[PDB]
Every structure is written in C-alpha cells, then in structure tokens.
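Presented below, as structure tokens, is a lone chain in the form deposited without the partner chain.
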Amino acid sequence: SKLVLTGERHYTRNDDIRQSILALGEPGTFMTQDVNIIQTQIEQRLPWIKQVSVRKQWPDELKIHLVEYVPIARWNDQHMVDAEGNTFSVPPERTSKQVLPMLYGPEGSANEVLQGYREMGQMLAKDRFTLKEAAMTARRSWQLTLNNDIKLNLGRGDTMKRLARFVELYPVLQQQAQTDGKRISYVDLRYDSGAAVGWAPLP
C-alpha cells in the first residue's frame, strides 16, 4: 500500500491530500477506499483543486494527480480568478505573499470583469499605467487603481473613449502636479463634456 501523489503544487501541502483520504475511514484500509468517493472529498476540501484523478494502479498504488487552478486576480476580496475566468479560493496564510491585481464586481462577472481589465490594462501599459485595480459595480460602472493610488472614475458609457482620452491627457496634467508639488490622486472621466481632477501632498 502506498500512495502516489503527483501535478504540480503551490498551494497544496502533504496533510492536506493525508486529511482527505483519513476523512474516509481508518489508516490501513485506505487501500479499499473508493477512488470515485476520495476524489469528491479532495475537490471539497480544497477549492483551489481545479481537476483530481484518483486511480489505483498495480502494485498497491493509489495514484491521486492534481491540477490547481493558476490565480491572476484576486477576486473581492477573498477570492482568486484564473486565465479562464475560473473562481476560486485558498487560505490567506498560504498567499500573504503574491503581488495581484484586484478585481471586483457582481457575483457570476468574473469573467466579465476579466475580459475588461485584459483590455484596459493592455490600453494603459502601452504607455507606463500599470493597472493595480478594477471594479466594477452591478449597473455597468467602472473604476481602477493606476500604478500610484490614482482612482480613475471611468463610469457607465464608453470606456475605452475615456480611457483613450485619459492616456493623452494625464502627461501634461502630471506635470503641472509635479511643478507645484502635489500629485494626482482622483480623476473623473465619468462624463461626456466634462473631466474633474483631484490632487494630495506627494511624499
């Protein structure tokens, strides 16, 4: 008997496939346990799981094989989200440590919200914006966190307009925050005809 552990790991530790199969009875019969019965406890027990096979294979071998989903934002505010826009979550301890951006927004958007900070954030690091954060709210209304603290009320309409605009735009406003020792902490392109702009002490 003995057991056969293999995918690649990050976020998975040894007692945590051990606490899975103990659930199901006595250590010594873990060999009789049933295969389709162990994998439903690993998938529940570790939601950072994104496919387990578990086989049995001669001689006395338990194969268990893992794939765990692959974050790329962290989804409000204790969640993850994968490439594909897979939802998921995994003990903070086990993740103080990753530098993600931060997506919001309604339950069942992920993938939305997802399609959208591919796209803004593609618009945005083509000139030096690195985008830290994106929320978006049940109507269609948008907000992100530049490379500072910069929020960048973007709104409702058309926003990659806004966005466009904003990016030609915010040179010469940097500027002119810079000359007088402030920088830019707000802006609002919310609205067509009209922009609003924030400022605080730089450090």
Given for the second form:
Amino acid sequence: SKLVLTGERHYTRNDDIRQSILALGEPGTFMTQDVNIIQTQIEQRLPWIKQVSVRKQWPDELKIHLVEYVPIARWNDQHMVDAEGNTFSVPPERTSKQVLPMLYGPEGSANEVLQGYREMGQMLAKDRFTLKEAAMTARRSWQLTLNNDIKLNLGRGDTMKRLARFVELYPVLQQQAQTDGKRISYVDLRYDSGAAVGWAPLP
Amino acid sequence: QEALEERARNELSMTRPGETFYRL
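The form deposited with the partner chain bound is what I want next, because the block you gave corresponds to the form deposited without the partner chain; please supply it.
Time for the whole complex; same chain goes first.
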C-alpha cells in the first residue's frame, strides 16, 4: 500500500494525515478499509480542511486530495473565518506570526459581522482609512479599530452616518492632538450629531 | 450595562471626565 497526498497545503503537514489513519486501523496498514471513514476521520481531526477526497487507485494506492480553508480574519480571537463566512480553527503554533484583521461577534454571527466589516471598510476606504478590527455585540452595537489604532464607538444607530461624521471631524481632532502633544485614542459617536474624544499621551 | 451608557450618551448629551466633546 502506497499513500499519495495531494493538494495545496499551507497548514497540514504529513504527520496530521498518517496520525488520522493509524489512530483508526493499527500500526499496520489500510487498504480495504472504508474510504468514507478515512474521509470522515480526517474531516474531524483537522478542522481547517474544507474538503478531502479519499480514493483507491489500483495497483495498490490510496490517494488523498486536500482543500484547506483560507482565512481572511481571525474570528473572536482563537478561531478564523474565510471569505464566505465559514468558521474553522488552526493550532496556534502554526499561525502565531500571521497578521490578519480581527473580527468579534456572538457564536453564530460570523457572516453578519463579516458583512458589516465589508460594508464599513468600503466606506472608510473611500477616504484612505483602513479597518483593522471590528466587534459586534449580542445587541448588535459596533466598535471599530483603525490601522492607526484609533477606536470608534458606533453603538447601534445609523452606523454609516456616524462613520461619515468621524471622517468630517477628523482633521480638527488631528490638529488638536497635534497642538497638545497627544494622540487620539477613541471617538465616541453615540450622539445625535456630535462626538466625544478621549486622548492619550504620545508613545 | 452598556445600553445604559448609550442612552446616557445619546438621549442626554452626557460624556465622561477627560473627554472632549464636539457638536456639529
């Protein structure tokens, strides 16, 4: 029996597969096992695998082809979400030097959060602001973190009007922080037509 | 919890010591 492993692999390493197999049969090998259980075992021991196919090719060969999920953001913190809203996780020894945007929300809200992250990032992009973090509460209030580390508190209201107010007001907040030797730390927008600004000393 | 601070903030124009307020 030869075991042929194929597909584009960014997180899986070969011991992940062989362990899934031995942990089911024995220290001996694998051929006329059920291909559907070899497939199910691998789906369950490797939660970052989005698709795996297991197929017997004679002479004597078992061929496994892998498709991995691809993260576009960390989800809450220890997990990850892809561009279609799917949730998965990767042992953090293997992801500890990646730098991804950061989403947060209640346990089944990834798609909703990712949608809001997309829409709001679009608007901030029209003014060359870029979104590093986005958190949504069970009540569906929003807080954003720019790449320049300013936090924005949007609460629950028309988040897009409050977003536009930040951008309008930003040049004076920056002149003001410029003048007093401080840095902008956050901008609370949860008012009818104003903003409260918290400062911080310069790093 | 933070619902209270949203009304406190939105319904009455209240802030927190140290913050600067801007009205447009």
